[PDB]
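To begin, one chain is listed below as structure tokens, in the form deposited in one PDB entry.
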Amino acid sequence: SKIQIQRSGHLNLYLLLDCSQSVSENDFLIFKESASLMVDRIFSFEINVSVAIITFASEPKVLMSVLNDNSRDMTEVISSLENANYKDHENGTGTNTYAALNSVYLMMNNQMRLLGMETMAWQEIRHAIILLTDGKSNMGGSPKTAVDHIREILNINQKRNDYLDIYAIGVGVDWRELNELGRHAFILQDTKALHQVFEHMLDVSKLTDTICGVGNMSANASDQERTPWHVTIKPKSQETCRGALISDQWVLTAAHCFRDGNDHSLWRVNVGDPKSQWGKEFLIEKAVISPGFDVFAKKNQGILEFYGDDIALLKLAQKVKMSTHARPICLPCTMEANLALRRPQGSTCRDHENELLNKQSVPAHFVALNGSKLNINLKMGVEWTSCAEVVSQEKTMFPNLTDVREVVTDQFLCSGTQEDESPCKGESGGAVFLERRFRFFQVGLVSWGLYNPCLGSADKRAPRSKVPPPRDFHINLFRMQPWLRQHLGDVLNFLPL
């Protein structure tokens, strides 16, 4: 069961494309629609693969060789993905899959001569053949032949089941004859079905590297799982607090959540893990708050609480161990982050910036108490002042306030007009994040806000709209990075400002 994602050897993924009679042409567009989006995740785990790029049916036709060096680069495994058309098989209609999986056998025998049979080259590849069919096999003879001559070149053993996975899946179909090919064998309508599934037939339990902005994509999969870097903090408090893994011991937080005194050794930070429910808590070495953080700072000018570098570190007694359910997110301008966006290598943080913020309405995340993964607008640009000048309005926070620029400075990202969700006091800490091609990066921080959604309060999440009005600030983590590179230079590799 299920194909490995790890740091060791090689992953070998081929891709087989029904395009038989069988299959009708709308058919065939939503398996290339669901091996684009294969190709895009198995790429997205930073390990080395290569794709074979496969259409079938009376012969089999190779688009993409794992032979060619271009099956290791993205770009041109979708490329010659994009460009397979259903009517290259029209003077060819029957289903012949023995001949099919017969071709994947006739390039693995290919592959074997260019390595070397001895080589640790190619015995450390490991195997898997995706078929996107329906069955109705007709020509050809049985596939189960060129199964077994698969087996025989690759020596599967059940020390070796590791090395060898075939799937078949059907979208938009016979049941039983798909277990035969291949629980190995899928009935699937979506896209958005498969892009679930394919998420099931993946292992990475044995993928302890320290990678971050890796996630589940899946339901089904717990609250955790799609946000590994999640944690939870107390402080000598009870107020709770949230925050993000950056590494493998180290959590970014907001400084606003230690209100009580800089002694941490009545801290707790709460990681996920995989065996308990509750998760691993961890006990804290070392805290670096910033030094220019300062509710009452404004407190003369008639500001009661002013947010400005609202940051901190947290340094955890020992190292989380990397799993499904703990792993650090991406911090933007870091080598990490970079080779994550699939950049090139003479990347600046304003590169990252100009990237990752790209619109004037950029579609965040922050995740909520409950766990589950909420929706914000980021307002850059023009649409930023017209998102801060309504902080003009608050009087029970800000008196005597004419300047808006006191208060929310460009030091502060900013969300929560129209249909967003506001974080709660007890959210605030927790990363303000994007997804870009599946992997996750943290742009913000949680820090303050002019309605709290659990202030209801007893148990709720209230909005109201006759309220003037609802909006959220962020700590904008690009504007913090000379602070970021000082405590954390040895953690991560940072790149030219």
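The term rigid core refers to the maximal set of C-alpha atoms that superpose within 1.5 Å between the two forms. Positions refer to the first chain, counted from 1. Compared with the form deposited in another entry:
Here the rigid core is superposed between the two forms, and of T324, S422, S137, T232 the C-alpha of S137 is the only one to shift by 2 Å or more. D260 shows a C-alpha shift below 2 Å between the two forms [criterion: core-superposed Cα displacement of 2 Å].
Once both forms are fitted on their core, the CA shift for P363 between the two forms remains under 2 Å.
Once the rigid core is used as the reference frame, the Cα position of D40 differs between the two forms by less than 2 Å.
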Second form
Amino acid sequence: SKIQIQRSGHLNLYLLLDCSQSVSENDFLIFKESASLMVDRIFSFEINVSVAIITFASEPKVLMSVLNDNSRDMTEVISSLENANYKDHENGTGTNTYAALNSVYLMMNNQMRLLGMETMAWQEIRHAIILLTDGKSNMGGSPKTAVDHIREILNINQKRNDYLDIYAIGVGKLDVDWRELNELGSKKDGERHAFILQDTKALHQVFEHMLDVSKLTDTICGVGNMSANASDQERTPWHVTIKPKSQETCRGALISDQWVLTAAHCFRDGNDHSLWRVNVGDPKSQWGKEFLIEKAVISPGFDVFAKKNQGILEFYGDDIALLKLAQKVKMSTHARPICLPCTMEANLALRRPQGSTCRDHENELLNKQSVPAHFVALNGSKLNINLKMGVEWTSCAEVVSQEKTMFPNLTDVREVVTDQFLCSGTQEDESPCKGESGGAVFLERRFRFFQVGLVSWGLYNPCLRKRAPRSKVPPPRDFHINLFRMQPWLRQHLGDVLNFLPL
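Go ahead and give the structure of the form deposited in another entry, now that the form deposited in one PDB entry is out.
For this one, just the chain is written down, with no partner chains and no other molecules.
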């Protein structure tokens, strides 16, 4: 009933953009913006996908054909779309949707001819057509007739139901013809295939629900669900709960199908890992699934009382741990590894050049003096922070000299906050609670998720679903272990787990 995101076979996606005079010039820019979002998203899954781009009024115009190998190149698809001009159809501003759909038919006929009707290269292709239109066809005859023709060539019935989806979406400040939208994108079973949406934000939500990713079960990193209607676990599937002996909880992140990344300070009782449990996401229950631990590696530099002779009562240098789960996790919508920077996995996720390095990844991901990021709350919800970098890191970390509990003897901030920590908590940031520690601090780029740090400590615990700030000294401020500073140790233990880039 949905567009299938999977490794096997091939996806042909046809984007048909209504460029007729009932679509204003600005309405068309909204269409181009929606198309670009669907292209960027469909490519984020690293599946085999070709994209055709057609604009249409009285005549259709093919900017990209699936017969062009360039339609598998996200770069060339996006440029051909951005090259699309409203005035391209100035000589025929009517609305001939049939002609636009027939253009897709002729495309299919030609590729089937190319590859060969009887070949698997042709049989394996799934076809998804999305029309961005206000639905007001007024020439060429019935779009349904061209849809019948497409369904004929593709051999669609109940069995081969999954090889064609047609969607018709009106996005923007349009006068939409609803009846016509529904003729174009009729229902498959119960699944809606016609939508009227106010803007590209609504489209982005709706497109998430058009994509079936349940069959995507390999270890692809940093894939999430960005619908509000998805569960918390589906939105952050790397996210895990950690249960030490101490009965207190921590959070952590799946970084492969068997390894979890978390905070060292979570394990106060010591190093007896056989009493610890991890809850990873699971489709069958919101409780998740409990795993035991095969082995634990706590950073050898971690020791909360290391600086206690200097009157510093808690020191969180090297606050990091790796847990190997007793079994491999089964990858699913509720359980995926997050992307770790400085790996080939993360380099592909970012669509970067081959010979990138760790420095490159740091530079791309932590690209500003204030970098918007997230951590996941106790209730599973996604919370917002701004990582303070370069010159702003110093003034961010400065307020720890006002801490009254942890450090009664502190003549030097850089004895407690070293270069090992990212910093947030200023302005209107959320601050992690103690139970949220160990959890990923992560960014989103190109629709993929990247762990740049982990929750370690802060000056103010809001949980001391329910949360509270205040307005007195010292101010909230939070310090996260920076994964870019932990590379040597991570490589020592994950070198045969992930493929690390040159430094």
